[PDB]
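Let's have the full structure, built from the sequences with the hints guiding it.
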Amino acid sequence: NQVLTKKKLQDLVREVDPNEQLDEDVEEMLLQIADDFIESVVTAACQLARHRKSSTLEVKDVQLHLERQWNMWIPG
Amino acid sequence: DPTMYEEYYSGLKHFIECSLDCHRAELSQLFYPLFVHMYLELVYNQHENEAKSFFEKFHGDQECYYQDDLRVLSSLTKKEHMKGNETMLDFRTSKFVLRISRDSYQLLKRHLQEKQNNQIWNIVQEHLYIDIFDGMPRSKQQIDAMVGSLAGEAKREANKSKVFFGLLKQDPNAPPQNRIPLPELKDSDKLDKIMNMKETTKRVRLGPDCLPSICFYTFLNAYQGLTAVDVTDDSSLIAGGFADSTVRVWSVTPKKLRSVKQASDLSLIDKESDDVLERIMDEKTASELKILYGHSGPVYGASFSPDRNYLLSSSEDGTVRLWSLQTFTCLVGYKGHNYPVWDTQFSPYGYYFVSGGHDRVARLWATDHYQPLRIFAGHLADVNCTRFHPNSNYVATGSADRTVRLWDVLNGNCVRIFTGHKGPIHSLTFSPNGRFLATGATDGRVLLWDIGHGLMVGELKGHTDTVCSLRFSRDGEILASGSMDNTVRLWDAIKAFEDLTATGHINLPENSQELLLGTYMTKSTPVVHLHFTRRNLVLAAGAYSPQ
Amino acid sequence: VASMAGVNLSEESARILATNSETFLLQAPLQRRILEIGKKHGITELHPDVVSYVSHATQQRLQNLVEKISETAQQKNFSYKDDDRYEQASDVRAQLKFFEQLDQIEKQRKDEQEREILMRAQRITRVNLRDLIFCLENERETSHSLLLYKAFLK
Amino acid sequence: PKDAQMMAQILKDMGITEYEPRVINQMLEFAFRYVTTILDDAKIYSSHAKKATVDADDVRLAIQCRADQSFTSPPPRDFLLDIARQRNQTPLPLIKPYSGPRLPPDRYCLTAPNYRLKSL
Amino acid sequence: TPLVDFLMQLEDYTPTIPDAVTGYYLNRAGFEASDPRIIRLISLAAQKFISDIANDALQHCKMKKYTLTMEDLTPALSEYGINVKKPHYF
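Chains as they are written, first to last, in the UniProt record's numbering: chain Z, 55 to 130; chain C, 210 to 378, 417 to 747, 754 to 800; chain B, 837 to 858, 871 to 969, 1053 to 1085; chain A, 13 to 132; chain R, 114 to 177, 192 to 217.
Errors might be hidden in some of the hints.
Unchecked claim - Taking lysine to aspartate or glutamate and the DMTMM-like style, the derived pairs with C-alpha atoms no more than 25 Å apart in a straight line are:
#: 1; chain 1: B; residue 1: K1085; chain 2: Z; residue 2: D90
#: 2; chain 1: Z; residue 1: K60; chain 2: B; residue 2: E1072
#: 3; chain 1: B; residue 1: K929; chain 2: R; residue 2: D118
#: 4; chain 1: C; residue 1: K440; chain 2: B; residue 2: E948
#: 5; chain 1: B; residue 1: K945; chain 2: C; residue 2: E767
#: 6; chain 1: B; residue 1: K945; chain 2: A; residue 2: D118
#: 7; chain 1: Z; residue 1: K62; chain 2: B; residue 2: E858
Claimed, not checked - Quick list of simulated restraints, FRET-style, between CB atoms:
#: 8; chain 1: Z; residue 1: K61; chain 2: B; residue 2: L883; range: 24 to 32 Å
#: 9; chain 1: A; residue 1: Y46; chain 2: C; residue 2: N254; range: 22 to 30 Å
#: 10; chain 1: C; residue 1: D712; chain 2: B; residue 2: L883; range: 44 to 52 Å
#: 11; chain 1: Z; residue 1: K61; chain 2: R; residue 2: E198; range: 49 to 57 Å
#: 12; chain 1: B; residue 1: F1065; chain 2: C; residue 2: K318; range: 53 to 61 Å
#: 13; chain 1: C; residue 1: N556; chain 2: A; residue 2: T102; range: 25 to 33 Å
What the hints contain is simulated information worked out from the structure, not anything from laboratory work. Don't be surprised by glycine CBs; every beta carbon is placed ideally from N, CA and C.
The structure is reproduced here in structure tokens:
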């Protein structure tokens, strides 16, 4: 059920600083923040998709919620 | 169901006003909670037009004390407007307590157990508790004295817990010394009580004859708005919390505020000397005023420690700050609220402190942990006031949902719920006996509560605007009240407590006129603080606002 | 990207040079995770390029937060006392230590009184929870949130 | 004015008798800022659904997706009572008798040597 | 240390904003005036922000110099990601 495997998160820190170690509390809170992000983004994207009268959840729907509420602008 | 709520409510409105007058005044209590629970259930099930029509037909038969809640409700017409209110969200899930007598409940249940009104009976037994007492039905001016809150007039089973309302050192109402782990009494703290009882030697007995002298310490310019005052227990320092995010300590004795010397200067002097504290003071830094910076918002709480170090301040930015008064810097920033902390106070023994904020809790801190120890989380609105008991085993938290609640420091349990104010409570004080509690709110009423019996013992209704400061005398002879009508009223706090149930109420006397010893008007100056010198001299502080 | 002179462009380009001056979510449990929230809206199936787009969106959410907490976890590892361009101004900790020494002298006097009564008878950077909390109350999201409010008690 | 006389009636319906004259001017400035960010997002959502007319479901979407981010609230009562009973179960710690000035650990206080640059 | 050198030069420099006014809005947020040079660097940073917005607005006015209008501040702050609002209610 866990989508972030707690070891790829440590590679997200090694790419920024080769000498840095998070605390176990910090790692668990970061995992909760990730889970919460996935849930909020998917719920709002699904609201945009129902709005577009669709049952498909295409990226256009996920990409629009990032640009308007989070300002991420991930290349599609 | 939803299109006939103006037929269910108007039928019960027709039954109650056609009753006999002894039971009519007590059965008028369920007009307000049945009006809100039917209105909020209409707007939660997305029936806006019917909700608006119900509000228009019945809002004006509601008691005058409920206008503020009625205006918040008139704004609420949608469901998503109410889904982010969090006060009407907790009102919809809780139960109105609605203390009624058994003589009037028999007429109510003989009008609801019949199928003719099985819908309004279904709303009553779903949304309303009914707490029955065996006794006389209360009068209308006695019901008016004890209602006014949302989810108000709480059960007697809450006000029956054993409360150790006595002072520490035999008193059977006193808690043991090892109940709450209070700090030790040092030799410098024992030296304070030696000169404290020299002040008690010159202390005058106030009473209704020897009325005290009031020394008003007005803030003259104060164009940054003064939001918090505190005075030390000996009248030596006066703190000021201001809207320009500053705390300003003033010395009122002829003794300038000095910081202690730097660490290089203390390393060359020796300890073990008799002078020591005198040796450490720096005379290069000596002012009649020290300004403290570091809050990013208007400082709302100000609290001295009883050893005259350790100023406390809370502000809009959500932090409580512990300022030293020996180095005159900030020491700790206590970040537990994300929201404006409206009040803070040190314990009268000086280790723990309680801070109440906009997030509807009051936290108990200890000046040793970055995290709180107790979270007092039962209020439905902002915790406006937070006051410690004189034994510091109990914390009284007044709030904006018109309730005052005592909280045991052990177990964090609410042991008393005091309802009967019509506005948000803006001042609390305890009697020096520990037996009584005076609360003031925006309705100008000072309600005197018993703590052992959990019963209000008197109502002082002289003030016009928000009563923002209360204090009892050092003996307990006089309660001083200061409000926004620029008056310092003095009340007889001995004749107000001359009598010490199972009906859960006492017949309040309507005796305010006999308990007013005097009213003194300030020149355009709201009385923010009231303090009693240990020789029983009233001190008051307020910014002069010409307005 | 929509703004050519955008202000968060210059932030994370100067933040990286400040840290230089000292996620890829699993595709199989994520695809079940999107579909269960889709039952509450009627979004019964999802596009095959979305479950890897949300994984790229979760990465740039946490990499924007890992970089943000790294530049405040290295804010505490700047020792001023090795440099001599800086001068010490106010050390409260040392004054407190002198006060503690005086308190210990008082305790020793108390012990002597008790004895008399008896006779009569390569810097490594570790990120704390403070560095994560500091990067939550500043950004607009998660400033008034139940995840930061609970983090004040963890 | 037209919209400024309605703003003095929203305040008087809330019982606000006394207010500064700059209070009406900046609640209108907030009300204008709020409607030009609902309708700005409404035509973004209309172009997502590919319709030339911004109809009422677009404004229903742009309101509830702006109220999900902008206007927050304090934590709810079932959340405050759960973190209370998780915190109020822990017993109060005892106090060391002569520890000194009672403070948190030094990484939680504001007591550091607090340096400054040499003037030269 | 280019900026440390600049701050050391900032003594004997008077900025366009006074330090009694820059220090007032710093004291409002908890920042207290320990060192004048730090107040002066903060004042100069604020000045650079306003000046850069103004210069971009002037390039827009020259393209469409002289009067600064809200329709010059609107595309000038749009590359900054700031949507400026017309009054429209007075």
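Okay, the hints, checked on the actual structure:
1. B/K1085 x Z/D90: holds, 18 Å
2. Z/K60 x B/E1072: Distance ~23 Å between Z/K60 and B/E1072 Cα, so the pair holds.
3. B/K929 x R/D118: holds, 18 Å
4. C/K440 x B/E948: It holds: about 23 Å lies between the C-alpha atoms, which stays within 25 Å.
5. B/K945 x C/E767: violated, 57 Å
6. B/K945 x A/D118: This hinted pair holds, its Cα atoms lying about 12 Å apart.
7. Z/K62 x B/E858: Cα-Cα ~23 Å, so holds.
8. Z/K61 x B/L883: 24 to 32 Å: Cβ of Z/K61 to Cβ of B/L883: about 25 Å, so the range 24 to 32 Å holds.
9. A/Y46 x C/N254: 22 to 30 Å: holds, 27 Å
10. C/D712 x B/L883: 44 to 52 Å: Between C/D712 and B/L883, where Cβ atoms are some 60 Å apart, the hint is violated.
11. Z/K61 x R/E198: 49 to 57 Å: At 54 Å between Cβs, range holds.
12. B/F1065 x C/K318: 53 to 61 Å: Given a distance of about 59 Å, which is inside 53 to 61 Å, the answer is holds.
13. C/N556 x A/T102: 25 to 33 Å: holds, 28 Å
Going down the numbered hints, you'll see the structure goes against 5, 10, while the others check out.
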